[PDB]
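K.L.:
The lines below spell out each chain.
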Amino acid sequence: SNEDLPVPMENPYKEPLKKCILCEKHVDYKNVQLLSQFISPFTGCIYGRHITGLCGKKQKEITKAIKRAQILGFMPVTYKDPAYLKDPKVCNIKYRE
Amino acid sequence: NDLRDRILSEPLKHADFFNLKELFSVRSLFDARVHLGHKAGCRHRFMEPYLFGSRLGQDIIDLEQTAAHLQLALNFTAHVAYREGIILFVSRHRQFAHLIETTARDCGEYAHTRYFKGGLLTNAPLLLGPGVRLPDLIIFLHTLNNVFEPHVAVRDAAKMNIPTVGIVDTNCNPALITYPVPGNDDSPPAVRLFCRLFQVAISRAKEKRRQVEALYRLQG
Amino acid sequence: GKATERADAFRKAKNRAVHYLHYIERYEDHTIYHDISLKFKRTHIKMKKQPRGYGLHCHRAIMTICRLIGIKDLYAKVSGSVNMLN
Amino acid sequence: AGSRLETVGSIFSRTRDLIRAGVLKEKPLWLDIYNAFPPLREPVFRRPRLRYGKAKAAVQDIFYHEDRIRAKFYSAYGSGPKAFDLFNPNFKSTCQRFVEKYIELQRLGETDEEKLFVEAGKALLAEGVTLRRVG
Amino acid sequence: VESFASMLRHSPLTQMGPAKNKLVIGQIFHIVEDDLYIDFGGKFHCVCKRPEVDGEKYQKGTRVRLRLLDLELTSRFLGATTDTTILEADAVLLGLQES
RNA sequence: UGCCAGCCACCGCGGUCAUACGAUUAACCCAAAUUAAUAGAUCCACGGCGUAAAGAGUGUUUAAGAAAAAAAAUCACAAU
Ligand SMILES: [Mg+2]
Ligand SMILES: [Mg+2]
Ligand SMILES: [Mg+2]
Ligand SMILES: [Mg+2]
Ligand SMILES: [Mg+2]
Ligand SMILES: [Mg+2]
Ligand SMILES: [Mg+2]
Ligand SMILES: [Mg+2]
Ligand SMILES: [Mg+2]
Ligand SMILES: [Zn+2]
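Chains as they are written, first to last, in the authors' numbering: chain AR, 47 to 143; chain AB, 55 to 274; chain AE, 259 to 344; chain Ab, 2 to 136; chain Af, 78 to 176.
Treat the hints with caution; some may be incorrect.
What the hints assert, rightly or not - DSSO-like, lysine-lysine: derived pairs with alpha carbons at most 27 Å apart: (1) 60(AR) - 102(Ab); (2) 120(Af) - 93(Ab); (3) 60(AR) - 93(Ab); (4) 26(Ab) - 270(AE); (5) 83(Ab) - 65(AR); (6) 97(Af) - 60(AR); (7) 102(Ab) - 97(Af); (8) 26(Ab) - 330(AE); (9) 64(AR) - 110(AR); (10) 73(Ab) - 64(AR); (11) 60(AR) - 55(Ab); (12) 73(Ab) - 97(Af); (13) 116(Ab) - 60(AR); (14) 28(Ab) - 67(AB); (15) 28(Ab) - 260(AB); (16) 137(Af) - 60(AR); (17) 60(AR) - 73(Ab); (18) 83(Ab) - 120(Af); (19) 64(AR) - 97(Af); (20) 97(Af) - 93(Ab); (21) 83(Ab) - 126(Af); (22) 57(Ab) - 272(AE).
To be verified - The following label-pair restraints were derived from C-beta to C-beta distances: (23) 159(AB) - 314(AE): 54 to 62 Å; (24) 151(AB) - 62(Ab): 30 to 38 Å; (25) 151(AB) - 88(AR): 55 to 63 Å.
These are calculated hints, taken from the structure and not from any lab test. Ideal Cβ placement from N, Cα and C applies to all residues, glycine included.
Let the hints inform the model, and build the full structure from the sequences given.
P.N.:
Given below as C-alpha cells:
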C-alpha cells in the first residue's frame, strides 16, 4: 500500500534517434548534384560511411545510384564534375592543411 | 574469575547494549548520499539484492537494507571493542587516507591505509615479528584497491579466520565479507559518516567496559 | 610441498598441511552420510555408504585418507584419471 | 593450527567445526559475539559467473508519473532559471513547481494535455517565475 | 516515519531527471595549481580549470555555477567484462555563483 | 665376468665397485609339489567426436522414428 514506489513505465526522457542527412529523402540517379556531393573531387572515389556519415541504407542507395549514373552516362567517373565544385560540402574529409 | 565471566557474558543478553540505534537513521544516511551507487555498467552481479533499483543509469542502493545491516556491523564492532580486541581500519583510497588514519588513532584503534605488503596477514611472524597478535576485526571503508580488484586483505582476513566489516559499494564483491553494509564509499559525506559512526561505537564500548569494570571493583 | 632435498619437502608438506584442514561430517562416526558421486577435473570418484561391519573397500589412497579422517566403512570406485593430487 | 581454506565455508563454519573436532582448543572472541547477533547472510565464498544467453538481471528502473511530466517540461523550457542545489535537502526546482501545478490542475479534471500544460505555465508566471523556453 | 522510497522520490537528485545539460551549483573543496576540485553534491566531484577572468576569486570554499554533462564518466572498452570508471564527473565551469 | 658371457612379463640389466649375468652366503614365498608354455575365465562404449580416434562437401525425400507444455510461414544490400 506504498504509493511512493516506482511505476514500470517506458523511459519518458529518452531522446529521439539521430538521422542520416537523407532519412526519408529520395536518392535518384538522375540528379548528379546530390550524388556528386559524396565523391572525392580529385579522384572520383566514393566516400565511405566514416566520411559521408550515412545510415547504411542510404550509403548503399548512394553507391548504387552513383554507379548507375556513371554508366547510363549522366555523371563522370574519374573526377567530380567541376560545376558542382562549389556546392555545399557535407563530408568530413580535409585534404588541404 | 567467575565475575570476569559475568562481565563478558552480561552484554550478550541485550540487543542494543551500547544503544547504537540512536546514532543514525534512514534520513541520516540519505543526506550523506550513501544511497548513491555507480552506473549500471559497473554493477557487480552479487550486489543486485541490495539495489533498490536503477535511476537513469545510476544504481540506487536500498537504504532500508543499509540501515538493517549497519546496525548489525556497528553492534558487532562495539562488542569486539568492549572485549578489548584489535580493530584494524583498512582502506586503500587516496582521498580519505588521512581521514581514516586520524579516525583510527582517535578511537585507539589501528589503521592500515598504505600499500598492503604481501604476506602481512598470512605470514605475520616474519613481517611484523617473533610473536604477534593479529587484528580481531577488520573494517574496510573501501573494499577495492586502486587498480579496482578486491583488496587483498579481504581474501587473507577470510583466510585467517578474522571477521570483517566493510562498506561495499555497488561494484564491490560482498561475498567474503562477514558483515557487509551496502552503501556509497566514494563521496566525502558518506565516508566521513561511516568513520564517525565506527569511531563513536568503539569509544562508547571502551567506556562501557571501563564503567562496568569500576562497578565490578566496587562489588567487592 | 617441494624442495631440493626429500627430507626438506617432507617437513614442508607436513607443516603446511596442518593449515588446510577440513571437517568431515561422519554419520554415527563410521560412514559418510549418503552416497557421493563427483567429477573433479578428469577424475570420477563414486562412494557408497556402508553398514557397520564392511570395512574400507577403496582405492589405497582413499583408504589412507579415510583412516586419517576416522571413516571406517566405505566403498569407493575411482574412474577416469587416477592422478593423485586430483 | 586453523583453516586457510577461504572457499570451503564461512569463517564461522570452519571455526566452530575446528573447535568441534577438538583441534582448536581456545574459543576466539568474535565467536561468542557472532553467535549472539549473526549477520543476515552466511559469508560463504561464491564465484561470480558472467551471465549468458537470454538471462538478464532483475533490477527495476526507477520512474514516476511526475517524470512523464518533467520530460515535457525540459523539452519545452530546458533546465530552469534557478539552477539546482543538491546540497539543500528540501530544495524545490522550477521543474518541481511546474509539476505540482500540473498535478493540481489534473485534480480539476482537465484531461487534455495542452490545457494542463499551458495553464500550469500561466499558474507559474503568476508566482513570478520566467519561462524563457527554447526554440 | 518516512519510508526510503518516499525520500528518494522527492530528492533534488531525482527531481533533476537526466543530468545532461543541467545548470547546477557546486563548491570548491580542493585546489591544485589550475585544477579546481568541485563538489556539486552528486557522487563524484568534478574537476575544472581555473578560468582566466577573475582567477583569484576561486578559492577553497567558493561556490560556482556548473553545466553538468555526465554524472559519472564511464565506458566499456574492447575486451572488458565491466565498464571502467574514471571516478569523476563531467562538467563545464560557467562562472561563480552570481549573487 | 667386463656391452663379453648371458638375463627380462613390462620398464630394463651387462663398457671394471653388477643387490638385475654366472656361482656362493643369507633371505623370501609356495610346498608333495614348484616353475615355464599354451588355452580359457575376466576384460571395450549407457564412453566419446574444436585441438587427441571420430560431425561424414551440400540439400531433399524414402524406410524408421520424435512429436512429449507455449507461439511462428514474409520484405534496404553481392543467390541462381
Ligand atoms: Mg565505488
Ligand atoms: Mg634368471
Ligand atoms: Mg664386480
Ligand atoms: Mg627381477
Ligand atoms: Mg643372479
Ligand atoms: Mg599338485
Ligand atoms: Mg581429429
Ligand atoms: Mg560440416
Ligand atoms: Mg572428404
Ligand atoms: Zn536514415
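K.L.:
Give a verdict on every hint.
P.N.:
Outcome of the hint check:
The hinted pair formed by residue 60(AR) and residue 102(Ab) meets the criterion: a straight-line CA distance of about 24 Å does not exceed 27 Å. At most 27 Å may separate the alpha-carbon atoms for a hinted pair to count; residue 120(Af) and residue 93(Ab) meet this at roughly 20 Å. This hinted pair checks out: residue 60(AR) and residue 93(Ab) have alpha carbons roughly 23 Å apart, not beyond 27 Å. Distance check on the hinted pair: residue 26(Ab) and residue 270(AE) sit about 24 Å apart at the alpha-carbon level, within 27 Å; holds.
With a CA separation close to 33 Å, the supplied pair residue 83(Ab) and residue 65(AR) exceeds the 27 Å bound. Only pairs whose Cα atoms come within 27 Å are accepted, and residue 97(Af) paired with residue 60(AR) is accepted, the gap being roughly 12 Å. Of the pairs offered as hints, the one joining residue 102(Ab) and residue 97(Af) holds, with about 25 Å between alpha carbons and a cut-off of 27 Å not exceeded. Annotation: proposed proximity of residue 26(Ab) to residue 330(AE) holds, straight-line Cα distance about 25 Å (limit 27 Å).
For the suggested pair residue 64(AR) and residue 110(AR), the alpha carbons sit about 24 Å apart, so the restraint of at most 27 Å is met. With a C-alpha separation of about 19 Å, the suggested pairing of residue 73(Ab) with residue 64(AR) holds against the 27 Å cut-off. This hinted pair checks out: residue 60(AR) and residue 55(Ab) have alpha carbons roughly 24 Å apart, not beyond 27 Å. Simply put, residue 73(Ab) and residue 97(Af) have alpha-carbon atoms about 15 Å apart, close enough for the 27 Å limit, and the pair holds.
Taking the CA atoms of residue 116(Ab) and residue 60(AR), the gap is about 24 Å. The hint holds against a cut of 27 Å. Of the supplied pair hints, the one linking residue 28(Ab) and residue 67(AB) holds, its CA atoms being roughly 19 Å apart against a limit of 27 Å. Proposed proximity of residue 28(Ab) and residue 260(AB) is supported: the alpha carbons are some 22 Å apart, at most 27 Å. A C-alpha spacing of about 37 Å is found between residue 137(Af) and residue 60(AR), which places the hinted pair above 27 Å, so the restraint is violated.
With a CA separation close to 11 Å, the supplied pair residue 60(AR) and residue 73(Ab) stays within the 27 Å bound. Of the supplied pair hints, the one linking residue 83(Ab) and residue 120(Af) holds, its CA atoms being roughly 21 Å apart against a limit of 27 Å. Between residue 64(AR) and residue 97(Af), the direct Cα distance comes to roughly 17 Å. Compliance with the 27 Å bound is thereby established for this hinted pair. Distance hint between residue 97(Af) and residue 93(Ab) is fulfilled; the C-alpha atoms sit about 19 Å from each other, no more than 27 Å.
Among the hinted pairs, residue 83(Ab) with residue 126(Af) is consistent with the structure: their alpha-carbon atoms are about 24 Å apart, no more than 27 Å. Our distance criterion of 27 Å between C-alpha atoms is broken by residue 57(Ab) and residue 272(AE), whose separation comes to about 47 Å. For residue 159(AB) and residue 314(AE), the Cβ-Cβ distance of about 59 Å falls inside the hinted range of 54 to 62 Å, so the restraint holds. For the pair residue 151(AB) and residue 62(Ab), the beta carbons lie near 36 Å from each other, so the given range of 30 to 38 Å is met.
At roughly 60 Å, the beta carbons of residue 151(AB) and residue 88(AR) sit within the given window of 55 to 63 Å.
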